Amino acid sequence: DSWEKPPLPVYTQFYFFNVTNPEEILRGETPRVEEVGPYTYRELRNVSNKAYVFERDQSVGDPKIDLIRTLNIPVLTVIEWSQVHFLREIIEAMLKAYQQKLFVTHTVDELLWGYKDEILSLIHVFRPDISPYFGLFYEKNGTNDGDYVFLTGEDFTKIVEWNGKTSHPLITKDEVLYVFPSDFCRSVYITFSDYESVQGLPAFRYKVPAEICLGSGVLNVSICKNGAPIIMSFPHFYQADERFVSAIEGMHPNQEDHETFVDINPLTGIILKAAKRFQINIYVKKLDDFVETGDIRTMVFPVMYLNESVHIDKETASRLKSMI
């Protein structure tokens, strides 16, 4: 019966890359992908937990019907496990007993929130700690998720958002912002881009700088993701080596749609407007046994990208300025 509406409306939109030529990929050709999206989810805040409410009117189609053909992330994870000698004996045996495919078709809702994987369910009979369920956002609905932004510079360390924060120092263009995810695995630092105004209020625009085998502009986030072969990128390999783009037909990056930014009011430390824009990729290579990978090229294969956005409205901006 709980879950309230946040002070500023936050929305996460998912965009999936549908694999149009799977048999052609296995025979060594360049992948051809087709971007399907958005699948708009409105955030809700009740500690502080968030819930995702689907908005069909603001989405491309129904995620409970719409199918996406992409890579089988569970088998590549359990293969990676096999290699580092974690459950090799079992994993090998069931991958031999139950032939799995590299390319798999599922509903958007199945990829996003969860599906029961054949091989994982088998592993679970032995290891009850290993979930049979897989999803890019599995069990993330209703949990105390939320990034952490910190201020730096010289000595100065101001916290702007600890899971979530709204309504002192001289914040300057010289200060850097350190951002951690819910899980604190790795950090990303965003530096001052320029001075902006947001619904009249002054703001400093922060952007991920150019300063951040394999190739530039991608982040191997494998340790944070239970050994799953996951690479991080900006949507469409924006700000990443040209090689990454040319590798996958369907990628067309541009700054206006694929950049990450966050406009913060200095005085208050309030985020007035922002866009969390990142892409999940899978590092795919040709492999000796179990799959069925064929003569696949070694590449950073895109699965899906998202946009987590917020924008202060005309009213709440003039109500915030009224509280001064």
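Numbering follows the first chain given and starts at 1. Take the two forms, find the largest set of C-alpha atoms that superpose within 1.5 Å, and that set is the rigid core. First, how it differs from the form deposited in another entry.
- Lining up the core between these two forms shows that one residue from 193, 105, 141, 131 moves its Cα 2 Å or more, and that residue is 193.
- Taking 2 Å as the criterion, residue 204 counts as shifted between these two forms: its C-alpha moves by at least this amount when the rigid core is aligned.
- For residue 30, a C-alpha deviation below 2 angstroms is recorded between these two forms after rigid-core alignment.
- After superposition on the rigid core, the Cα atom of residue 182 is displaced by 2 Å or more between these two forms.
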Given for the second form:
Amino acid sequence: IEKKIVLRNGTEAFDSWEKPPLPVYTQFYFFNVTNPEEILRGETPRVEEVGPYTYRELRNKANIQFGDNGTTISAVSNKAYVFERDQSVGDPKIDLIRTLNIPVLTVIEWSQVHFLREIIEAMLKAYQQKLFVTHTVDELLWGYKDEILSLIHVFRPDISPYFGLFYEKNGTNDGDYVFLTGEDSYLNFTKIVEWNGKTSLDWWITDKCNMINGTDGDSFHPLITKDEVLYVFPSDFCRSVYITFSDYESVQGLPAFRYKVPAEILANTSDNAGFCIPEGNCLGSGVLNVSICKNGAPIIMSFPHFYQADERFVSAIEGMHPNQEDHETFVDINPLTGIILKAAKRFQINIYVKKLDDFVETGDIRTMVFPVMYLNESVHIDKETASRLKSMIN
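Next block: the form deposited in another entry, after the form deposited in one PDB entry:
No partners, no molecules, just the chain.
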């Protein structure tokens, strides 16, 4: 019965893997900074939440190649974002948001450790730059031209003048994956054996932290059980995470197990100590330093409103109001199929900010992990895809 779900050009699992039937949505949430100058002079930051802005993902797998014997498959996954205005607050082309000036914050990082050179820091003093900027929502995620980057682009053309959170992530696959089909065992269904041609991460300080575990997270192995733990590799998150069983749900007419991301994942603990790039020093519970993943930028990952995290971070930034129900990330999956009936996946992007004497752009600013944006990656099972799926046996 389990044999029905494998990835091979005959099965229905494949056609639904190749072109996933269910629509998937990402909603974007920005924190609009209230007191920019007051922040620079050392006062507590205060933000206002702005969102969502709704984009429907267009998902198909490409460059599908076939296994050693029958046991492996490899491909890339192209996701594109199609904006839905009526499910969003406004038109992100018009709508404005004020936050940290991120492009300059990285080159400043690039000043202190030299990923490009210090002393071309000159461009910073030649052209006045602000640590807080205003750009349309469309601009921050889909890209805009920065004036510092534009100059630096002249001396070294490899660096792009364009900054964006999601810049050039429309329509493109991340990474080359090779995947384990269900032939050796169902348990290995859509497991990640290797990514980008390397089967491990080189980013993290220990052997265990650097492992690539489990599925990409958009599917699971059939015949799931309440006791076990499901590993997931979120490429964009720069590491692998697992989920623990929470409660029993009924989506549609069908059973589901609710798995959640346990607070342990981003917490400060001796198992997690490798996620500190300096070793013996990491920032604390509930935040991760994802810098090496992103071009040397001082970018911190956290859950929305710093949920599942030390509350000293929550205190530092006004307007952070973490609650479980909204900011948790959960997966409701069908025990038999392992198919995902409903889920919501939520990460937050933070930027590390501190006063530097070498740069007056930073003023007297407090040392803190500063919220820019978080997102809900969500999926719900349609009511006629429910019953065709509920048509089993056979």
